[PDB]
Amino acid sequence: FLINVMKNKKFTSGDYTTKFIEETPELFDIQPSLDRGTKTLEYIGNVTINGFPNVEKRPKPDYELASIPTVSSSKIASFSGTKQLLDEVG
Amino acid sequence: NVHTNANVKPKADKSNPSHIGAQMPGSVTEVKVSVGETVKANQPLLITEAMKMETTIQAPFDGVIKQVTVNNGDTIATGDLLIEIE
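Protein chains in written order, with the deposited numbering: chain C, 461 to 513, 515 to 538, 538A to 538B, 539 to 549; chain A, 1093 to 1178.
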């Protein structure tokens, strides 16, 4: 709500009265405060303590490091395969 | 503690040649090196007992032992840091 007041045009002009708030209905234009970070800690918190559906509850197993090979987007963007064929001839 | 069997070891970072990790769940049978020592390549620096079987852990190169994470008769888990060298 405070952000909305600060951002509002009538406030920044400096010419505003005690009527400012009531005459501006769009200050209560408030979306629910999206909160991704906390939610993720809840999940990890839950699986760590209470486990996962039919996965043998145990210490997180040791996993061998993975080398994930990569190809540049541009290189991919230059490629012309069967998809381009489809768009080409149908 | 009364011995050191409750002690939690940090996990060895796998993409660092300084860090040597535990390969199997075992027991430290004999510690052979201390902090600040220098021995040749292939130096037998640690003796583990996997399961009634015994293997010496060897240094991959020449260098100086920075840390030894274990003591005699200590339990270890796969991926546990044991030694760091330079």
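Think of the hints as simulated: they come from the structure by calculation, not from any bench. The reader is advised that the hints may include incorrect statements.
Claimed, not checked - Result set (DSBU-like, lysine-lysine): computed pairs, CA atoms no more than 30 Å apart in a straight line:
hint, chain 1, residue 1, chain 2, residue 2
1, C, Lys499, C, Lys518
2, A, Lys1101, C, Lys521
3, A, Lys1132, C, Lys467
4, A, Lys1158, A, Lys1124
5, C, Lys521, A, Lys1106
6, C, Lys499, C, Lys469
7, C, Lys518, A, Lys1101
8, A, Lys1132, C, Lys499
9, A, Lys1158, C, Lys518
10, C, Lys518, C, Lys467
11, A, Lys1124, A, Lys1106
12, A, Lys1124, A, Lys1144
13, C, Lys521, A, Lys1144
14, C, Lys521, A, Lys1132
15, A, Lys1132, A, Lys1101
16, A, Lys1132, C, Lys518
17, A, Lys1124, C, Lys518
Straight-line alpha-carbon gap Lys1124 (chain A) to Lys1106 (chain A), limit 30 Å: holds (23 Å)
Pairwise hint evaluation, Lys467 (chain C) against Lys1132 (chain A), where the allowed Cα distance is 30 Å at most: violated (69 Å)
Restraint check for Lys518 (chain C) with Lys1101 (chain A), where alpha carbons must lie at most 30 Å apart: Given that 30 Å is the threshold and the Cα spacing comes to 21 Å, the pair holds.
Holds or violated: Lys499 (chain C) to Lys469 (chain C), with C-alpha atoms at most 30 Å apart: violated (35 Å)
30 Å limit on alpha-carbon distance, applied to hinted pair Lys1158 (chain A) and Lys1124 (chain A): holds (14 Å)
Hinted pair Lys1124 (chain A) and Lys518 (chain C), Cα distance within 30 Å: violated (36 Å)
Agreement of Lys521 (chain C) and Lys1144 (chain A) with the hint, judged by alpha carbon distance not exceeding 30 Å: Holds: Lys521 (chain C) and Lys1144 (chain A) sit about 26 Å apart, inside 30 Å.
30 Å limit on alpha-carbon distance, applied to hinted pair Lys1132 (chain A) and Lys499 (chain C): Given pair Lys1132 (chain A), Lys499 (chain C) is violated - Cα atoms ~51 Å apart, limit 30 Å.
Agreement of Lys1101 (chain A) and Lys521 (chain C) with the hint, judged by alpha carbon distance not exceeding 30 Å: It holds: about 15 Å lies between the C-alpha atoms, which stays within 30 Å.
Distance restraint between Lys1132 (chain A) and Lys1101 (chain A), which requires alpha-carbon spacing of 30 Å or less: holds (26 Å)
Restraint status (C-alpha distance of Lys518 (chain C) to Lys467 (chain C) at most 30 Å): It is violated: about 51 Å lies between the C-alpha atoms, which goes past 30 Å.
Hinted pair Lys521 (chain C) and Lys1132 (chain A), Cα distance within 30 Å: Given pair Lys521 (chain C), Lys1132 (chain A) is violated - Cα atoms ~36 Å apart, limit 30 Å.
Against the hints set out earlier in the document, violations occur for numbers 3, 6, 8, 9, 10, 14, 16 and 17.
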